[PDB]
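There are 4 protein chains.
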Amino acid sequence: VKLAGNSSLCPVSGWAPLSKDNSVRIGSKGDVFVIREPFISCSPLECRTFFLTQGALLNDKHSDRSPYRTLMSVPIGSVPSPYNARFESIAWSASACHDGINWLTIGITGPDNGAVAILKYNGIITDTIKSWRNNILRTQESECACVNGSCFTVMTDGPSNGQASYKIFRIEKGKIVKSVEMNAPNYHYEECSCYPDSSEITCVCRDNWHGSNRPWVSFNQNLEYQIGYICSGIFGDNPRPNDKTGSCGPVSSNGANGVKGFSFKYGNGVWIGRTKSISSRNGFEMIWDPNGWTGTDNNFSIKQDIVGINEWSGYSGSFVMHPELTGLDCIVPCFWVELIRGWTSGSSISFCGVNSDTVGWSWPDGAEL
Amino acid sequence: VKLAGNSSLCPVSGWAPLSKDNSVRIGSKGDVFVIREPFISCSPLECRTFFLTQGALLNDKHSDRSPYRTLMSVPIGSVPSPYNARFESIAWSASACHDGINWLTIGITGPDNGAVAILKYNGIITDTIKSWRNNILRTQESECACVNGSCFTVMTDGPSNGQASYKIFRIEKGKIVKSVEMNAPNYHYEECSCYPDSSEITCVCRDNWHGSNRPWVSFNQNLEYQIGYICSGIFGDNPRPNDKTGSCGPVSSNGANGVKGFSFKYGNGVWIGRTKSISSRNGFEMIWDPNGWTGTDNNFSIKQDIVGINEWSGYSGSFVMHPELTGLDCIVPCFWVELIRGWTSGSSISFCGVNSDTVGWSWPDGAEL
Amino acid sequence: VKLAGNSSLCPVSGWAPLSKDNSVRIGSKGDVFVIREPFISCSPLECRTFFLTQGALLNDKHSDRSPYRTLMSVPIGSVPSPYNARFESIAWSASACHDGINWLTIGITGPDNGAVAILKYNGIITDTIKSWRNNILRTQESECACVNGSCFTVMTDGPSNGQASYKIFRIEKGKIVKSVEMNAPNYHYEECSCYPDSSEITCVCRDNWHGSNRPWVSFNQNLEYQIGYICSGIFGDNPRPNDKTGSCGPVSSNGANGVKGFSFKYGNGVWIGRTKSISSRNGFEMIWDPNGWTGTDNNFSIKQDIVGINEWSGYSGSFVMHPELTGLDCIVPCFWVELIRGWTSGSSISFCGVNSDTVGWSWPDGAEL
Amino acid sequence: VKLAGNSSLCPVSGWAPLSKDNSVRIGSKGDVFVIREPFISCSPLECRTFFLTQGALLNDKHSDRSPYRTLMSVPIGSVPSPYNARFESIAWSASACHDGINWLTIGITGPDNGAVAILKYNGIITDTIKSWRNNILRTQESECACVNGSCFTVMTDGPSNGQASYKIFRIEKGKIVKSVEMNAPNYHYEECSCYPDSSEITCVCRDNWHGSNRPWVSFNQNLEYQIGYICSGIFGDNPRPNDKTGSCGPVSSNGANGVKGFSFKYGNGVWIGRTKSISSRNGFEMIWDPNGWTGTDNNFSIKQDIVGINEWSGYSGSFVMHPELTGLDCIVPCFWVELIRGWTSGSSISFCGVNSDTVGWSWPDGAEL
Ligand SMILES: C#CCCC(=O)N[C@@H]1C(C(=O)O)=C[C@H](N)[C@@H](NC(C)=O)[C@@H]1OC(CC)CC
Ligand SMILES: C#CCCC(=O)N[C@@H]1C(C(=O)O)=C[C@H](N)[C@@H](NC(C)=O)[C@@H]1OC(CC)CC
Ligand SMILES: C#CCCC(=O)N[C@@H]1C(C(=O)O)=C[C@H](N)[C@@H](NC(C)=O)[C@@H]1OC(CC)CC
Ligand SMILES: C#CCCC(=O)N[C@@H]1C(C(=O)O)=C[C@H](N)[C@@H](NC(C)=O)[C@@H]1OC(CC)CC
Ligand SMILES: *[C@@H]1O[C@H](CO)[C@@H](O)[C@H](O)[C@H]1NC(C)=O
Ligand SMILES: *[C@@H]1O[C@H](CO)[C@@H](O)[C@H](O)[C@H]1NC(C)=O
Ligand SMILES: *[C@@H]1O[C@H](CO)[C@@H](O)[C@H](O)[C@H]1NC(C)=O
Ligand SMILES: *[C@@H]1O[C@H](CO)[C@@H](O)[C@H](O)[C@H]1NC(C)=O
Ligand SMILES: [Ca+2]
Ligand SMILES: [Ca+2]
Ligand SMILES: [Ca+2]
Ligand SMILES: [Ca+2]
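Chains as they are written, first to last, in the authors' numbering: chain A, 83 to 145, 151 to 429, 437 to 463; chain D, 83 to 145, 151 to 429, 437 to 463; chain B, 83 to 145, 151 to 429, 437 to 463; chain C, 83 to 145, 151 to 429, 437 to 463.
Here chain A stands alone, though its shape is the one from the complex:
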């Protein structure tokens, strides 16, 4: 049966460690893929870690948008290895989600001025999307969000240092049944972290142009959308300035560049995941701001340490566990963090929201380079 996606997010007070692969430590002697942009998506039976690889192993001579880049997956917490990974698609930009029946995989390959998103449902090529601006067509690098047998992704075509073009897609059994181009002047959306919540999708993305707070887009199944930036003074992007009275549009100071991130909206409040360091991808923390989605103060209630400031962090993204898998009545928010090493590889650690006691530790990669 297909995921309903109509329950609310469970309210959470902390984040409990779900998984850790230790891929680089094992790949020092074992045959482990050099991986980039890992993300986790869950089926109603189990959760999988998806990753992009060029077919180069750790400690090998063969180790962004190459023709050899493929999307592969393993069960969560297992090493990305040639002997246990499942091929998904050829992709240097990818997304994947399970609608309750089969796996949808969106894989983008091709040249920078001619890229095509290849949509695969149950391993079968079902649809393709041409680049509409011929400037690096790219997608979430995280899981897509499925509601009621239909899965949703956000894709960007255009410059990563200026105004680009952002599209929302409705996909059913791998086929695009509705496409909507967002009208968002002075916005910038890269690598969206989309999750379902009460039959609607909320994506928290990255402003690579002029924003150090994170843009967001929320839409329903017929793709009527709303846009804005997370108005909290606790800025989510990296690089970013010091915490101050934030803006409700894009914060221009240290607004260029960025990192893929996420945020979970709880009414007027937001759970914010961000790096600890304001300049480099170092550290990770979860911050609960009960008025941060709309209010502009830099006041926060809960801070939980995820990765220590001396250890390397990187991409972060959301994923959810539906009631069809958990047995619960609500959608469990979860996230992963990529711990980049460097070749250039990186393992991943994942956390799921709980309403019980947790502890703020550091769970770093721990490989000797």
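No lab work stands behind these hints: they were computed from the structure.
One thing to keep in mind: the hints can contain errors.
For identical chains, the list gives no copy identity; a pair is met inside one copy or between any two copies.
What the hints assert, rightly or not - Listed below are the simulated DSS-like cross-link pairs for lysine-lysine, each with C-alpha atoms no more than 25 Å apart in a straight line:
id : residue 1 : residue 2
1  : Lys390    : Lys363
2  : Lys84     : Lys265
3  : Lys217    : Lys390
4  : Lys260    : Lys84
5  : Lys254    : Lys217
6  : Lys352    : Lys331
7  : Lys143    : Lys111
8  : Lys254    : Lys352
9  : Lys143    : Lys363
10 : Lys262    : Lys217
11 : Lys363    : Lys352
12 : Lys254    : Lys265
13 : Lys331    : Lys390
14 : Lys217    : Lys265
On the provided structure of chain A, position chains D, B and C with the ligands as indicated by the hints.
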């Protein structure tokens, strides 16, 4: 349930990348088989990559018709490794197909003057075919075509540089229920790429004797056959002469030798896969000729680049995705290309026909030799 | 269906060898995890070997309570390898049991003064337990015991060289439904080996403070408990004094330190597993004492050799095979022994109780260090 | 459902190659077990290759009746590797068979004067047999034969160079329900190759004492047995004298030592598998003698080459494919041959009987030592 095979081929305007194993790059450090003649066949659940190997790994001192040659298979896009490959049969010439119930595997082993085709259904030896000419009995090196619980293959016995003997087989549950010898003087059929289309089989083969255009044979379930050459001036074999006013029989100029290929017939039109270079196995392109199956001009409508002219290509062959697996109403045409390196090994890339937008790129092997 | 857990233990007269992984010998050349604290738990279909690892392989540069420690599992008798192990949880102290429906995993991670037990049911984080004394929260390092859809574990918080705090937990579908703190002054419980027997749980634990005989706790499903020490003069812990007229409380002579062990209670009698050497973790033997659970003599009836005195032994723990898996009418007692080498890695051998003929041999690790 | 075992053997005229693992060639670079005594048994779904290993890989410093010897299995034709092998039992002498429901595995371990056969049904220890003569208790080293939910094996206790003691066992769900000691003075039975045929079992064994022809024992489900030697002048054992007028009891000339073999009885006729060389384990051939089971001439009708005389052979043993797996009306005879290399390892090739055309080739190991 068994595959019906009564639907037509879906009309396609482009080819979308399905899979890429990157076997040599991974086998630089990993334990990956040295493989030759890889081909892809699909069950109603999933597609598998079949390959021949001698039990020698890449970067190993143990690396054509040896007693050690075996047919093995992996899930599509996974590396051919001893730790994940499934044994199929002992074979230095092979074919495999799924009828909807079980896997049929046809494996040819034995001496050159005494070879025997071993037919295995669900891993059980069900029938054997002796060599009837005692001169290297050989078969498709690609998937066989199944229609209505019955699978069909073409086999050759005789010289590869002259007139040989060609047979068509009807196989049900691994048992040969009808055999027909083709009466084709001045023809030559090697390594046929057979596909089902509207309860009939069409095979596009290789003339190793005196033809630079490809011979074809089409037959029904009772093995009444028709023969000819693809009459287009866009010649399919490699080596081949320059494009000119082609012949409807064999083209003698540069007609000797060749490469395993394929073609998809669409009424009077044909999709032609061929190497880009006319002398060496370099490059690959898909050419749509709307009158190429019977007309003799060198005019073509669509050309899509598959492999660039500077990268090594090799064997190509067809495979299909039935409606029992895709959920569609038509049979999806698909093909694979072997990218030979060199030891002598070769990874494979695969494409499936789509009626949506695609891009002509190059997806080469990419291993440093 | 869920395990009933209401049948008695089968009476056994000997122990038959169930499994042997030979992990260090294979990890001399293969890619095998460096593992510590291995234990075996059984589902109604198969038995699995659980283990803790840091992601370091044998013969590798990367080889107690680190952030990188994870709980992983393999099928019983298979090597702990990155290519075949299943991730369970992040843990430097762990327990796992199958209730007949899904796997429960209890994983303890975090700092020594802030550790949290993470409970996962079917891979889903269901509950967490904070440390209540902030002094290394720790658990069984063996299987938990499930009776009637509910699984039971014992956890310790406090000093390992003095009086600590001991808690009993009732867990249903990964959720703690009842917790009881034991009132046991002058006792000490570490690394309990709990098994079900006639709708009740019996745990045989380790006194690290002042006991060379083993403490025990027995409780029902509503966690009404009884406590004591195994009163036999055949002392179970290591280190221990010579066999003498033992005490029914803790034996203070050589009572400090210890090793994780087990014992099976049969009315007034006990099957005692212990090291052969009284000072070092060397050797292993199973001793049947028909009055040892309450009587204080050093008289015994059966002694079966498990590991010879010259070979290294280590942690031992119980596990059971339920009638839902064996088809029997009784619960089969079984145990494993960790053969520590040294890096520091330890393979494991396992035995199950039988009422037929057996032999006392030695089944050592056998790796050349 | 359980195998009926009541159909006759299919009459066969030749032997078709079923499988070849190429284990030593792959283990030159890959991580492959050093294996001895491989044998093949089949479930109603698939056939598996069982083997004994010490946990030592090929090209490793850790490479008969050791405590580390274990019985493991892989799917047929796959390499014996730590990453894909399934543990069965601890054993330096083994047998295994599938009754149609679960796998029965008989594993013998322990000291030479105290060995115990450990019987496992579905991975569960169900019964044990003590040594009754305290002189190396040993069993078939091939598959046991199951008829009507009951499986049968032959075991030997006593000297391998003189009169020993031979027992027949009836096993149901892993439990010995009937045992019968054979009264066979001047006979010698080692490593029996037993197969079912028309609700009865026939075992063809090895005379290590004073016989160069093979002894046989045939019995029904209540273990009423008949004994004799294969009376053909085409002698089956190795070493053996030249072909002459053979005896119907044991042939004393070159009767000492031997090799594990098999034979298939077809009324008064026998299919004989034997080495080509009369002194060393070199070559293998299948010989059809239509009067060889009782007649004493050295006349034969069919000889098919299996392994050439210059290549190393070794242990051979029978196995069968039941109608529950093949879909046929008869039991298909099959056999395997161990190609010993040398460490001391050896791959295996397997053949199944067919009533169609085959060819006598050589399928050797092919590893460079
Ligand atoms: C600022 C900065 C650094 C931007 C950069 O070089 N690379 C970005 C990146 C990263 O790790 O940052 C990882 C991805 N591999 C990139 N994606 C693609 C399709 O290549 C992504 O780039 C995107 C998003 C900005 C735009 C093409
Ligand atoms: C011209 C030319 C080169 C022909 C040649 O040497 N080898 C051919 C080949 C290739 O890669 O070309 C690959 C196959 N391994 C060959 N098949 C067999 C049974 O060996 C095949 O040969 C066939 C088809 C011609 C005839 C026996
Ligand atoms: C006496 C003695 C030696 C105690 C010691 O150093 N380590 C103990 C141990 C062992 O192998 O003995 C293995 C475990 N890794 C330890 N567990 C934890 C949570 O670290 C355990 O320690 C426990 C139990 C005493 C208390 C924290
Ligand atoms: C002639 C001769 C002696 C040959 C010898 O040393 N070993 C024999 C053997 C072989 O490869 O021949 C392989 C087996 N590993 C042996 N089996 C056991 C239980 O060890 C078997 O021995 C059996 C059968 C004779 C008697 C114990
Ligand atoms: C959400 O979907 C479930 C499953 O179909 C349904 O029972 C429930 O009523 C829905 N929720 C609401 C608020 O309608
Ligand atoms: C194809 O044949 C099958 C089996 O004969 C039949 O069920 C099906 O209807 C046929 N297909 C079409 C499109 O009619
Ligand atoms: C255990 O409980 C089951 C039902 O859950 C019951 O049928 C069975 O008789 C009980 N066993 C004993 C030994 O009481
Ligand atoms: C074997 O036993 C089965 C039991 O169902 C029976 O149906 C079958 O006829 C028997 N076979 C023969 C050859 O007698
Ligand atoms: Ca930014
Ligand atoms: Ca040609
Ligand atoms: Ca103690
Ligand atoms: Ca002999």
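Results for each hint:
1. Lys390 with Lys363: Result: close within a single copy only, 11 Å intra versus 52 Å inter.
2. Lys84 with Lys265: This pair counts as within: shortest intra-copy Cα distance 19 Å, inter-copy 35 Å.
3. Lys217 with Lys390: between (42 Å within a copy, 17 Å between copies)
4. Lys260 with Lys84: both (11 Å within a copy, 24 Å between copies)
5. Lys254 with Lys217: Answer is within: at 12 Å inside a copy they meet the 25 Å cutoff, but 45 Å across does not.
6. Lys352 with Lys331: within (21 Å within a copy, 66 Å between copies)
7. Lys143 with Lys111: both (15 Å within a copy, 9 Å between copies)
8. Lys254 with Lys352: within (21 Å within a copy, 38 Å between copies)
9. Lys143 with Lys363: neither (34 Å within a copy, 30 Å between copies)
10. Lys262 with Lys217: within (14 Å within a copy, 47 Å between copies)
11. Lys363 with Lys352: Classified as within; 20 Å inside a copy, 54 Å across copies.
12. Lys254 with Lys265: Result: close within a single copy only, 11 Å intra versus 51 Å inter.
13. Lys331 with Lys390: So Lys331 and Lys390 pass the 25 Å test inside one copy only (17 Å; across, 57 Å).
14. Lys217 with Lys265: Within one copy only: 15 Å inside, 48 Å across.
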